[PDB]
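S.K.: The primary structure of each chain is shown beneath.
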Amino acid sequence: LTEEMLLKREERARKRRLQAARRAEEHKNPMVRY
Amino acid sequence: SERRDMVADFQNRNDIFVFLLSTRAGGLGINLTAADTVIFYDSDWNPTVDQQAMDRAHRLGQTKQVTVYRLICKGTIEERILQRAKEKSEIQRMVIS
Amino acid sequence: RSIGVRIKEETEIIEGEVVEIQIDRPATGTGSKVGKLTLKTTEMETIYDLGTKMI
Amino acid sequence: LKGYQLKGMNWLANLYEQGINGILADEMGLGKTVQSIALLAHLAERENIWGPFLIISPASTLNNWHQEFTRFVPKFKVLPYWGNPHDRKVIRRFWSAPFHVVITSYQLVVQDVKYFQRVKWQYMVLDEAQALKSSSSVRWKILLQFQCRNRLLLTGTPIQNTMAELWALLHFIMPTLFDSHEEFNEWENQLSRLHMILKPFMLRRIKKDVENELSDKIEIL
Ligand SMILES: Nc1ncnc2c1ncn2[C@@H]1O[C@H](COP(=O)(O)OP(=O)(O)O)[C@@H](O)[C@H]1O
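Respectively, the protein sequence lines represent chains E, X, C and V. Throughout the first sequence, residue numbering follows UniProt numbering, covering 208 to 236, 271 to 275 in sequence. Throughout the second sequence, residue numbering follows UniProt numbering, covering 1154 to 1250 in sequence. Throughout the third sequence, residue numbering follows UniProt numbering, covering 125 to 179 in sequence. Throughout the fourth sequence, residue numbering follows UniProt numbering, covering 518 to 613, 622 to 712, 729 to 762 in sequence.
Don't read these hints as lab results, they were simulated from the structure. By construction, the Cβ of each residue, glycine as well, lies at the ideal position given by its N, Cα and C atoms. Treat the hints with care, since some could be wrong.
What the hints assert, rightly or not - According to the in silico footprint, chain V covers these stretches of chain X (three or more CB under 8 Å from chain V):
#1 1197-1209
#2 1226-1233
To be verified - Here are some of the chain C residues that sit facing chain E, going by a computed Cβ distance under 10 Å:
#3 127
#4 128
#5 140
#6 146
#7 147
#8 148
#9 149
#10 175
Kindly produce the complete structure, drawing on both the sequences and the hints.
M.R.: Shown next, in the form of structure tokens:
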């Protein structure tokens, strides 16, 4: 019920933080034999 | 992106002898203190830009020795650079020294 | 015949005693031979992976 | 930090207290960028630790400008800004102060100013500021329009060209008396006045502060 009002932010926000991190770490770095 | 890994292999290794730079992409802030010596195969038409580029080798981390070379044609045209450089050097001193 | 042209030929040589050789030859094939060779001195020794014209 | 670095830092702190823009024209190889790093961490007045800030730089230095903030003080929220459009622009969707200092270069800034003006800065750091020497440039005409209390110019020795390129950096530091060249050409004598225009907002040393430890360049033609 009430959680979805926050999920619509935080589910995206955890993805923003992760995408920022993985961008920023690039942005800061037979045969014979005789 | 490419400007990082070439510097990161030239600093912090003994694997390489020499690096090629343009006077204007290489001349600013790179701090290649792994270098002992510099050759200007060309001097620039704007004087002191060579000196600004020399000091991106010349700084405190160089424990061993320091040298710089200029290679110049005998009077054909490249003399006009060393002329206009020595001529403008008086102005370029007297604004700070 | 009475004008000399004088040339320094300077080249790198390997001068050693053969320890062992392996030559590998295909069962029939196109002829892509391959092999290894080893050389010694009274001080030092090493292995060379061989090329096609060397073989 | 060696004592001369702290001395230059307190002179920049005096220009901060006085609200004055200036040129960090100490010699090269001394901690040029390092004399700016301590502006954030040294002052007890709190604001310098948590404000928004921005750096403009020549593109080949978009590496040491983040590596410094891994050793001198590693605590800063620092954001690099360069790449393909969706490499760079997308970082503005993450920070939308919540993140402190942004690193940039002149080719980007002259196009991106419309985005950068969406955020205020406390201080502006401008590295190899001789990039602004041409007041005719689209770059200088736009870079004048960034928002801060202080602009600090860093250079590998400033100016060193004819009067057509003296005007732009002085005018970028102060608009006062910088209406036209005619009286400024009057302001030995003329050079002494031009020196006393620069000296209240430019430092000098000669390398002897480090040539106690370092030997000469062997220079050859
Ligand atoms: N913690 C430190 N310990 C010793 N030397 C330091 C330290 N921090 C800075 N330096 C000196 O900084 C010099 C490099 O300066 P750098 O950061 O590249 O600034 P600059 O552009 O002025 O040369 C090195 O020679 C190094 O010895």
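S.K.: Does each hint fit the structure? Answer for all of them.
M.R.: Each hint tested on the structure:
no., hint, in the structure
1, 1197-1209, "holds (count 8)"
2, 1226-1233, "violated (count 0)"
3, 127, "51 Å, violated"
4, 128, "47 Å, violated"
5, 140, "20 Å, violated"
6, 146, "6 Å, holds"
7, 147, "5 Å, holds"
8, 148, "4 Å, holds"
9, 149, "5 Å, holds"
10, 175, "16 Å, violated"
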